[PDB]
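Colleague: Okay, here's what each chain looks like letter by letter:
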Amino acid sequence: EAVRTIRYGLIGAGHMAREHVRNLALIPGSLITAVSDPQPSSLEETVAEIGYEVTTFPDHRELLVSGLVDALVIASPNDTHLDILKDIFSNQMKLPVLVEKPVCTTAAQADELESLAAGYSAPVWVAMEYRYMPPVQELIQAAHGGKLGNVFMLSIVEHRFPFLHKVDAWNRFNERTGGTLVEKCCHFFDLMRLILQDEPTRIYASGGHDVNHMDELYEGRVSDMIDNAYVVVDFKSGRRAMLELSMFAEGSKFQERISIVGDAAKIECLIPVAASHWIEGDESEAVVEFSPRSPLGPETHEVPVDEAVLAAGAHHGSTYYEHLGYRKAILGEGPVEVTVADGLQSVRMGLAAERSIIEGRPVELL
Amino acid sequence: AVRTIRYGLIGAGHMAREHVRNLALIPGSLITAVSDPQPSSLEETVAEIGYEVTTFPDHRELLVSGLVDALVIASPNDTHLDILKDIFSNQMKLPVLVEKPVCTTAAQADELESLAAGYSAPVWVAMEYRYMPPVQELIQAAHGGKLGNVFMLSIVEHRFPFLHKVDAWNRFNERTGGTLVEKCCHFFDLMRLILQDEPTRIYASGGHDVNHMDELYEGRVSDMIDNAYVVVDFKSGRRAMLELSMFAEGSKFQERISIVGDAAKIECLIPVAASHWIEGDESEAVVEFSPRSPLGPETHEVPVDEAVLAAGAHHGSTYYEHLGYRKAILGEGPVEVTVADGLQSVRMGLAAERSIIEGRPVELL
Ligand SMILES: NC(=O)c1ccc[n+]([C@@H]2O[C@H](COP(=O)([O-])OP(=O)(O)OC[C@H]3O[C@@H](n4cnc5c(N)ncnc54)[C@H](O)[C@@H]3O)[C@@H](O)[C@H]2O)c1
Ligand SMILES: NC(=O)c1ccc[n+]([C@@H]2O[C@H](COP(=O)([O-])OP(=O)(O)OC[C@H]3O[C@@H](n4cnc5c(N)ncnc54)[C@H](O)[C@@H]3O)[C@@H](O)[C@H]2O)c1
Ligand SMILES: O=S(=O)(O)C[C@H]1O[C@H](O)[C@H](O)[C@@H](O)[C@@H]1O
Ligand SMILES: O=S(=O)(O)C[C@H]1O[C@H](O)[C@H](O)[C@@H](O)[C@@H]1O
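Chains as they are written, first to last, in UniProt numbering: chain Y, 7 to 372; chain S, 8 to 372.
Treat the hints with care, since some could be wrong.
Said to hold, decoys possible - Rough simulated footprint, nothing fancy, chain S against chain Y, three-plus residues with beta-carbon under 8 angstroms:
(1) 212-219
(2) 249-263
(3) 267-274
(4) 301-307
Claimed, not checked - Within a straight-line C-alpha distance of at most 35 angstroms, the following computed DSBU-like cross-link-like pairs (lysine-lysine) qualify:
(5) Y:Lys-334 <-> Y:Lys-242
(6) Y:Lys-92 <-> Y:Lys-172
(7) S:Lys-242 <-> S:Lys-153
(8) S:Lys-259 <-> Y:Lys-153
(9) S:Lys-334 <-> S:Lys-172
(10) Y:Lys-259 <-> Y:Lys-153
(11) S:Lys-259 <-> Y:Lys-259
(12) Y:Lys-172 <-> S:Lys-153
(13) Y:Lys-92 <-> Y:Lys-334
(14) Y:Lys-92 <-> Y:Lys-242
(15) S:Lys-100 <-> S:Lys-172
(16) Y:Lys-334 <-> Y:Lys-153
(17) S:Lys-153 <-> Y:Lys-259
(18) Y:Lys-242 <-> S:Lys-259
(19) Y:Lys-153 <-> Y:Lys-242
(20) S:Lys-242 <-> Y:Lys-242
(21) Y:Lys-334 <-> Y:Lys-100
(22) Y:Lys-334 <-> Y:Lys-172
(23) S:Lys-153 <-> S:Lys-334
(24) Y:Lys-172 <-> Y:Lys-100
(25) Y:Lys-259 <-> S:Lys-242
(26) S:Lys-172 <-> S:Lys-259
(27) Y:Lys-259 <-> Y:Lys-172
(28) Y:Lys-153 <-> S:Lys-172
Bear in mind the hints are in silico, worked out from the structure with no lab data behind them. Don't be surprised by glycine CBs; every beta carbon is placed ideally from N, CA and C.
Kindly generate the complete structure, drawing on both the sequences and the hints.
Modeller: Right under this line is the structure:
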């Protein structure tokens, strides 16, 4: 068939950018030619990870007119996404974008992004990749395919470690992250829309900042972000979903549990902690359990992931399959599967959840 | 000399027969009197007791029979308060183990609260789940500090549709108090027990989505909820979530309870009762303790005595409930589940039903 070279530019050269790098290295015809980051420590580490020569820029505006790129990846702090997108949108080269979640951090940003994105002709993909985890993909196919009968309930449990230290401590305050239920939980709101094939009408949440980062001072201020919550989401069709989050439950062997209940069957998956975050040599595999109602007899199977695909990132192989899809979108050989529209809904959902917590009331979604 | 107790059973149906089988495992337990307005129920229950007793159609004659030291009530939910009132005004004041829910409406609860404070003899509300051996390990771990400061409690119940009962009593909200009372009082009460706190706010989303759509009473179908998510806030800032599906009987584990603190997480999985699962494929209950700091979860099976497990469908819990009630009858020990505990569980469930209906959280005092 012949591998077609795509020249990628990376705007933001931090932790997640380096994961993008390792996933692009598994995909023939993936050439990184330009990297931007205002911090040279980040560029040194990232160039080293790429392991071949590239052109670096401290500002993305020069990368955009460098003439070196066919497609962009944005992995900068959450509150910078809209501003970089605006510069891409007004650039005269119409370049495809894979923009990291959350696509934006406030309601004002979302209102503005919505108008600007509809006027842009090139593909814009929001990098919420969890659907591409092989076990999650099995649950989606089962739900969409009717293997559960009519679907009514969706539970998502994420039990994990506290937010990691980042460059300039950008992820410690709501003002830069959009809040925990945007930063961390947009993934889950979007899976709810995808799995249930419906739109949310009402969100209620209870949560707090109970445990984490109490001993970290940023100009004498303590982090204001949530570290645990319960969220209950209603949908137009009458389906209902629940998210449980703890950022202080890293002892849990399985970091994610997703369960779906229909009137014919239940299905569930358990996703292990990424090797880099768990005990060496105590690796569990992801499992899927299908539990029909009628002839009682559950079935459990492991869902293997290619060794190299799994080791290239910390999201159970998902970033690789995200890149296969984005590549196809760049070539015009496939559609954008996670759109700006999907991004905006996930953000508004998370924003509504944060407001619900703070004001002790459910929030309607329009 | 053990100390014999003569038990009277008011209500002689399915749960009464479980009470019977558990009492048969406890020396000094003699059933002498059974009451039930339906003779089919009495026949089946007498057969289960397997020795002669005196039967009555009405509990009022049982109460003055002279045959009893203590009572067990296992009648339909909406009859509890009326039987308790007759017990409360009886000349011989007898201890009562009254089945959940202790009552079905807010009017009943207001009335029960005043009447029960004026009654001198023990009244135990028979919410037994705390005595399931795996749940008891979770309670001790939470109370004992093994999790550090406790913040989160999740309870997931995935089970079969409500069973067919005598006179189809459990199909409408007006007789049951609604699903979040009938079925979920157990869970509201465990929340109060495990978190050692009082609720301030409750929110729920639920519907009647799947079950009993083909069972008709003059063209009317059951109006009861068959699935729900409930989120409960507590005075201290602790938070709990209950998930319920009455159409998820395919699940090998019927109950999942998890508790998260700032030092550790603990979780149990409770198997489906043998009588409701495939023969020969019974699973053991597991408890998993998951510390944060030295990564390294620990998993163990929690055995239950074979006869204790086979005597009931609540994983041995009814046995340990009866050990406690026995002590209360003898003046050897306190009532561990009081009427006050019953009322809180009911008002929690009633608030949850109102939350669903009004689309808003309901404040609790
Ligand atoms: N999809 C996922 O699974 C996933 C996982 C982690 C992070 N992310 C997202 O990736 C983004 C980056 O997070 P991270 O973990 O890489 O953090 P990081 O702190 O390791 O990297 C951020 C980098 O951006 C640079 N930067 C700061 N301001 C910039 C600007 N204006 N323009 C360009 N670069 C700028 C910083 O110098 C740093 O190198 C965020 O949106 C985060 O939410 C996504
Ligand atoms: N604690 C538990 O785990 C558990 C389990 C099952 C049932 N229960 C409770 O037990 C009670 C009975 O439920 P069940 O499953 O045994 O139902 P069932 O229908 O099997 O038995 C109920 C019995 O009560 C009798 N009855 C009806 N009206 C009566 C009255 N006025 N006085 C006396 N008896 C009367 C009926 O004739 C019938 O035999 C309910 O409160 C139910 O919620 C508790
Ligand atoms: O653990 S941190 O790196 O602090 C935070 C990150 O955690 C996961 O990777 C999520 O996918 C991601 O959305 C989030 O940005
Ligand atoms: O399955 S049914 O017998 O219809 C329903 C009953 O059964 C369960 O065991 C619960 O413990 C009990 O509280 C509830 O009333």
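Colleague: State for each hint whether it applies.
Modeller: Comparing the hints with the structure gives:
Coverage of the region 212-219 of chain Y by chain S holds [criterion: at least 3 residues with CB-CB distance below 8 angstroms; count 5]. Under the rule that three or more residues need a Cβ within less than 8 angstroms of chain S, the assignment of the region 249-263 of chain Y holds, with 8 such residues. Three residues within the 8 angstroms Cβ limit are the bar, and the region 267-274 of chain Y against chain S gives 4, so the coverage statement holds. Check on the region 301-307 of chain Y: 3 of its residues sit with their Cβ under 8 angstroms from a Cβ of chain S, so the three-residue criterion for coverage holds.
About 32 angstroms separates the Cα atoms of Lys-334 (chain Y) and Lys-242 (chain Y), which keeps this hinted pair within 35 angstroms; it holds. Between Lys-92 (chain Y) and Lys-172 (chain Y) the CA atoms are separated by roughly 24 angstroms; this keeps the pair inside 35 angstroms, and the hint holds. Between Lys-242 (chain S) and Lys-153 (chain S) the alpha-carbon distance is near 22 angstroms, which keeps this suggested pair within the 35 angstroms criterion. Simply put, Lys-259 (chain S) and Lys-153 (chain Y) have alpha-carbon atoms about 18 angstroms apart, close enough for the 35 angstroms limit, and the pair holds.
Restraint check for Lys-334 (chain S) and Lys-172 (chain S): satisfied, since their Cα atoms lie roughly 32 angstroms apart, inside the 35 angstroms limit. Straight-line distance between C-alpha atoms of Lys-259 (chain Y) and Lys-153 (chain Y) comes to about 28 angstroms, which keeps the hinted pair within the 35 angstroms bound. Between the alpha carbons of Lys-259 (chain S) and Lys-259 (chain Y) the distance comes to roughly 20 angstroms, so the proposed pair stays at or under 35 angstroms and holds. Note on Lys-172 (chain Y) and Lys-153 (chain S): the hinted pairing holds, with a Cα-Cα distance of about 32 angstroms set against a maximum of 35 angstroms.
Of the supplied pair hints, the one linking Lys-92 (chain Y) and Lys-334 (chain Y) holds, its CA atoms being roughly 24 angstroms apart against a limit of 35 angstroms. Of the supplied pair hints, the one linking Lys-92 (chain Y) and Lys-242 (chain Y) holds, its CA atoms being roughly 33 angstroms apart against a limit of 35 angstroms. Our distance criterion of 35 angstroms between C-alpha atoms is met by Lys-100 (chain S) and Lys-172 (chain S), whose separation comes to about 31 angstroms. Between the alpha carbons of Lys-334 (chain Y) and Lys-153 (chain Y) the distance comes to roughly 29 angstroms, so the proposed pair stays at or under 35 angstroms and holds.
Between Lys-153 (chain S) and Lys-259 (chain Y) the CA atoms are separated by roughly 18 angstroms; this keeps the pair inside 35 angstroms, and the hint holds. Only pairs whose Cα atoms come within 35 angstroms are accepted, and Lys-242 (chain Y) paired with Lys-259 (chain S) is accepted, the gap being roughly 31 angstroms. About 22 angstroms separates the Cα atoms of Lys-153 (chain Y) and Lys-242 (chain Y), which keeps this hinted pair within 35 angstroms; it holds. Taking the CA atoms of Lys-242 (chain S) and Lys-242 (chain Y), the gap is near 33 angstroms; set against the 35 angstroms cutoff, the hint holds.
Under the criterion of a C-alpha separation no larger than 35 angstroms, the hint pairing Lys-334 (chain Y) with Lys-100 (chain Y) is consistent with the structure, at around 17 angstroms. At roughly 31 angstroms between alpha-carbon atoms, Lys-334 (chain Y) and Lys-172 (chain Y) fall within 35 angstroms of each other, so this suggested pair holds. Of the pairs offered as hints, the one joining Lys-153 (chain S) and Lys-334 (chain S) holds, with about 29 angstroms between alpha carbons and a cut-off of 35 angstroms not exceeded. This hinted pair checks out: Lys-172 (chain Y) and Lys-100 (chain Y) have alpha carbons roughly 31 angstroms apart, not beyond 35 angstroms.
Restraint check for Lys-259 (chain Y) and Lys-242 (chain S): satisfied, since their Cα atoms lie roughly 31 angstroms apart, inside the 35 angstroms limit. At most 35 angstroms may separate the alpha-carbon atoms for a hinted pair to count; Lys-172 (chain S) and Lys-259 (chain S) meet this at roughly 25 angstroms. For a cut-off of 35 angstroms, the pair hint linking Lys-259 (chain Y) to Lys-172 (chain Y) stands: about 25 angstroms separates their Cα positions. The suggested pairing of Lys-153 (chain Y) with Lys-172 (chain S) holds, with an alpha-carbon distance near 31 angstroms, which does not exceed 35 angstroms.
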